[PDB]
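Asks: Here is what each chain is made of, one letter per residue.
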Amino acid sequence: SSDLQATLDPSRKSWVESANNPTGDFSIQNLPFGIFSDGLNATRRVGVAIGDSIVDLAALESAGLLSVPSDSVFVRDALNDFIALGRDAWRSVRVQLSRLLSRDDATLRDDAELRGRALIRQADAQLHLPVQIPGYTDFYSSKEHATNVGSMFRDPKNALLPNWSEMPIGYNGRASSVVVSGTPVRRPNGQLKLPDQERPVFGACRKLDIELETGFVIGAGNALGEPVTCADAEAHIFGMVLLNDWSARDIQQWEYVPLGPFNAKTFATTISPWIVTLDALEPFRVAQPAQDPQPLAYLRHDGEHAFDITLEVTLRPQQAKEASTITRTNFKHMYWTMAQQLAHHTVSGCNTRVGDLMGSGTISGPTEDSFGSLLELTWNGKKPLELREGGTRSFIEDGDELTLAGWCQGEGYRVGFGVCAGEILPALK
Amino acid sequence: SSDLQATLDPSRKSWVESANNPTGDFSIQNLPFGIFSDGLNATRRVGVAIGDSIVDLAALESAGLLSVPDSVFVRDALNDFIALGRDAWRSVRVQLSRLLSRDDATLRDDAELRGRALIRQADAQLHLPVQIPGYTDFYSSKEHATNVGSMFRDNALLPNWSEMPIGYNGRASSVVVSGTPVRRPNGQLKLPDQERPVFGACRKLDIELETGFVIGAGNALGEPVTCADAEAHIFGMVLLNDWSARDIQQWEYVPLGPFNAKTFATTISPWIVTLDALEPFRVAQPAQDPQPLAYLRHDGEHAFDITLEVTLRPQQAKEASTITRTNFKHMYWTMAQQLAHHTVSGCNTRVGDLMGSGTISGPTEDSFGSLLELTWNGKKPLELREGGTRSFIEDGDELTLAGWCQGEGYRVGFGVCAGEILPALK
Ligand SMILES: [Mg+2]
Ligand SMILES: [Mg+2]
Ligand code: NA
Ligand code: NA
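Chains as they are written, first to last, in the authors' numbering: chain B, 4 to 73, 78 to 436; chain A, 4 to 72, 78 to 162, 165 to 436.
In case anyone wonders, no lab produced these hints; they're calculated from the structure.
Some clues are possibly wrong.
Unchecked claim - Straight line, CA to CA, 35 Å or less: simulated DSBU-like cross-link-like pairs of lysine-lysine:
1) B:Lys150 <-> B:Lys164
2) B:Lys339 <-> A:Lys200
3) A:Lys150 <-> B:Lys214
4) A:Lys390 <-> B:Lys164
5) A:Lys390 <-> A:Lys200
6) B:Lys436 <-> B:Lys214
7) A:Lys16 <-> A:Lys339
8) B:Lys328 <-> B:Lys339
9) B:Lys200 <-> B:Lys164
10) B:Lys389 <-> B:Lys214
11) A:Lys200 <-> B:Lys164
12) B:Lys214 <-> B:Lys390
13) B:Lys214 <-> B:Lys339
14) B:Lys150 <-> A:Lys214
15) B:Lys339 <-> B:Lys389
16) B:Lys150 <-> A:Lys436
17) B:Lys150 <-> A:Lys200
18) A:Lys390 <-> A:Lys214
19) B:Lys436 <-> A:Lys150
20) A:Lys200 <-> B:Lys200
21) B:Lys200 <-> B:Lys389
22) A:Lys339 <-> B:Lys200
23) B:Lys164 <-> B:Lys390
24) B:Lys200 <-> A:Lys150
Take the sequences, apply the hints, and build the full model.
Replies: What follows is the structure, given as structure tokens:
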């Protein structure tokens with residue numbers, strides 16, 4: 004408790020000097036979890052990012068500097088087993104690590120041999136999907152996004168459907184196609200409905216888009232038939248990643264009535280590799296937007312349940328040397344919180360499991376430079392985006408690399424998410 | 004080849020006499036795969052149904068009478089076995105069919121092994137047969153889609171319905187094995203008289219009579235499965251009840267599809283009937299008009315003749331009422347077409363994935379696959395042949411899906427897919 008609070012102290016610094024870079028994502032205050040391997044050891048194992056390096060948790064446990072309840080949960084291809092140990096475990100590990108990485112601590116700092124083994128450069132590492140995802144659910148909880156999208160489908164006056172302000176609507180996504188940052192994404196072929204022709208055609212998607220989102224990861228499940236209350240919801244959440252829900256919008260338009268988006272979504276979803284713990288995000292909790300009408304009782308919660316997470320997306324054409332930023336927004340603008348989303352997810356009795364992934368829905372902000380999709384940013388191509396380094400984009404083109412990035416900004420430091428990147432491959436011919 | 008064809012011969016019979024029952028599901032021609040434990044060994048392991056008994060595959064492998072490429081038969085799920093591929097499935101099938109044949113004494117007369125390796129179903133507990141990585145549900149009955157659509161339009167079918175096998179991602183986590191009771195969901199309801207929705211018990215709880223097919227070989231992300239290769243990716247089939255809360259669905263589902271109204275429970279039968287065992291019952295699928303795009307086309311026959319029936323029994327009622335009888339052969343889109351369309355944009359599939367057919371409604375009014383259709387949204391409640399009436403499912407009701415392939419004096423059947431409805435939380 005008091006130990007947990009010390010790990011959030013902005014004044015703390017690490018003897019890993021790169022960790023003290025004021026704009027770096029991996030401050031000693033962060034300590035996110037991932038799954039890595041390296042050139043010396045291709046076995047996947049649990050790692051914690053610090054500065055430009057990674058702490059090998061299995062190595063620290065073997066040396067006796069790190070203990071979890073008693078096979079090692081740190082020698083695993085996924086974080087599931089360690090997450091399943093519960094929140095007391097996550098915090099114990101976080102406090103031990105924070106102590107050991109602290110500049111005033113000598114236990115690991117001054118052990119050159121163990122430090123030469125237990126700390127690995129990210130430049131030497133392979134980062135893998137951090138969890139084995141039992142289920143992936145995606146919501147739609149940005150009022151600005153639903154307004155922007157709905158305005159094109161109807162008009163500003165009728166942008167929002169009545170159920171949208173009564174529930175955090177969502178759908179099951181495809182867990183199998185969630186891939187880690189860096190995985191190339193192939194432009195899908197599919198059925199396209201052209202405005203001139205009576206019957207659909209088969210061809211390459213012409214409206215390939217991102218969806219800027221976050222995903223939170225379930226740390227404690229719930230039994231089938233047993234809802235999670237809104238007040239209890241956040242205690243079930245382990246942490247967060249960045250999430251790009253790649254969308255083929257022309258494929259979506261033709262297939263989606265009435266059972267929802269399907270092939271247009273499931274060809275690829277990318278997440279960042281580092282799970283930033285919900286505890287690490289506590290210093291950035293802020294007041295969520297005001298809801299009108301007041302939702303039904305089961306969706307209500309007192310206090311603050313939004314999080315101040317700066318988000319950015321860059322797009323780099325294949326021939327470009329530098330990427331151009333195409334949007335900047337914040338997770339704090341979402342109309343429905345994670346607590347409310349999970350509460351609604353389970354209100355009818357659906358169960359959840361450790362490692363489940365819950366996408367926020369496209370995060371769109373107040374200003375025209377803060378929308379979370381090219382569909383919004385270019386208003387369906389009516390005003391193509393002029394790229395800072397050169398070129399124009401309506402939707403994504405072949406060889407474009409799309410990079411999501413995110414951080415919480417504190418006083419003199421950051422708690423950041425790394426990157427969620429993918430580069431588009433030409434459709435199959 | 005010759006070896007496999009001998010396992011389909013309707014003339015073959017077992018020394019497990021109950022398997023020779025003409026109306027039994029677990030003939031020697033079936034040999035479906037499941038996961039069981041029993042009173043003597045609580046460890047979950049791979050079993051094959053024969054008559055009223057279960058062949059303990061791990062016990063035979065230990066006894067030397069069974070071989071495959078820790079044993080894949082000592083698992084809580086069929087996934088690792090299925091992952092060995094179709095040669096291994098057929099190998100096991102041929103070996104078991106021989107060992108269970110009326111005249112083979114290798115297993116029949118080894119009493120110390122047979123006492124351990126043949127377990128009565130009555131002394132055994134059956135579990136969910138696979139660890140499901142993904143669950144997809146389709147919508148491929150023209151009769152079903154017509155009846156549903158006919159409730160909002162005259165143009166009952168939308169255009170895209172006849173051009174693709176539309177489907178949606180389901181919730182893998184709430185797929186439960188037959189016999190698991192299902193709690194009626196609470197959710198948001200849109201009442202006709204009130205502007206804002208209310209929270210309360212679901213009032214239109216329904217079944218959806220389906221089958222599910224289980225993937226036996228996946229495909230890489232970005233690499234579609236062609237329609238002509240689709241069936242070689244399919245291990246087997248189960249019965250599937252996609253429980254549905256229709257008033258919850260109507261309010262939530264635009265535009266992202268059904269969600270809370272479906273994910274509270276989906277029941278499957280425990281015995282996976284292999285596609286090989288189903289081969290004698292392959293039949294011609296319905297004629298499609300218009301002709302689909304080329305990637306959805308296949309020559310030959312790709313439907314399967316599967317009798318399906320659903321009973322409803324009120325709580326403490328002695329006799330169940332059969333409320334519908336249909337057949338899988340009526341589905342407009344085949345399993346091959348569903349899998350082709352599922353992957354055509356590059357979605358990947360994994361061993362153990364579950365693919366529901368959608369509600370199976372036939373042409374006649376007594377073959378519809380949901381109470382929504384059988385009662386026309388409650389406008390004509392149905393009279394339980396044993397007494398009482400139903401619009402939608404009431405608390406305590408037990409809904410049982412059953413099914414079999416009818417051969418000449420024998421059956422290749424699926425067992426049952428049952429659940430009793432528990433009251434909603436209060
Ligand atoms: Mg999305
Ligand atoms: Mg269904
Ligand atoms: Na996607
Ligand atoms: Na269901």
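Asks: Each hint: holds or not?
Replies: Outcome of the hint check:
1. B:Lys150 <-> B:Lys164: Distance of about 14 Å is within 35 Å: holds.
2. B:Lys339 <-> A:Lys200: Within the cut-off at roughly 30 Å; holds.
3. A:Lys150 <-> B:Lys214: 31 Å, holds
4. A:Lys390 <-> B:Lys164: 40 Å, violated
5. A:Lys390 <-> A:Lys200: Within the cut-off at roughly 22 Å; holds.
6. B:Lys436 <-> B:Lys214: Between B:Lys436 and B:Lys214 the Cα gap is close to 18 Å, so the pair holds against 35 Å.
7. A:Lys16 <-> A:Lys339: Holds, at about 27 Å.
8. B:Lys328 <-> B:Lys339: 32 Å, holds
9. B:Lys200 <-> B:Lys164: Distance ~27 Å between B:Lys200 and B:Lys164 Cα, so the pair holds.
10. B:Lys389 <-> B:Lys214: Between B:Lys389 and B:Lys214 the Cα gap is close to 13 Å, so the pair holds against 35 Å.
11. A:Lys200 <-> B:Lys164: Status holds; Cα separation ~22 Å.
12. B:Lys214 <-> B:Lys390: Holds. B:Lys214 to B:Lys390 sits at ~15 Å (cutoff 35 Å).
13. B:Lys214 <-> B:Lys339: 28 Å, holds
14. B:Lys150 <-> A:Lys214: Roughly 31 Å between the alpha carbons, so the hint for B:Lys150 and A:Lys214 holds.
15. B:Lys339 <-> B:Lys389: 28 Å, holds
16. B:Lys150 <-> A:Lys436: Given that 35 Å is the threshold and the Cα spacing comes to 32 Å, the pair holds.
17. B:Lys150 <-> A:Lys200: Status holds; Cα separation ~22 Å.
18. A:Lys390 <-> A:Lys214: Holds, at about 14 Å.
19. B:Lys436 <-> A:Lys150: 33 Å, holds
20. A:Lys200 <-> B:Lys200: 33 Å, holds
21. B:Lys200 <-> B:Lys389: 20 Å, holds
22. A:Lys339 <-> B:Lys200: Answer holds: A:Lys339 to B:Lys200 is near 30 Å, not above 35 Å.
23. B:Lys164 <-> B:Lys390: 21 Å, holds
24. B:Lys200 <-> A:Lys150: Holds: B:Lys200 and A:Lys150 sit about 22 Å apart, inside 35 Å.
In summary, the one numbered hint that this structure violates is 4.
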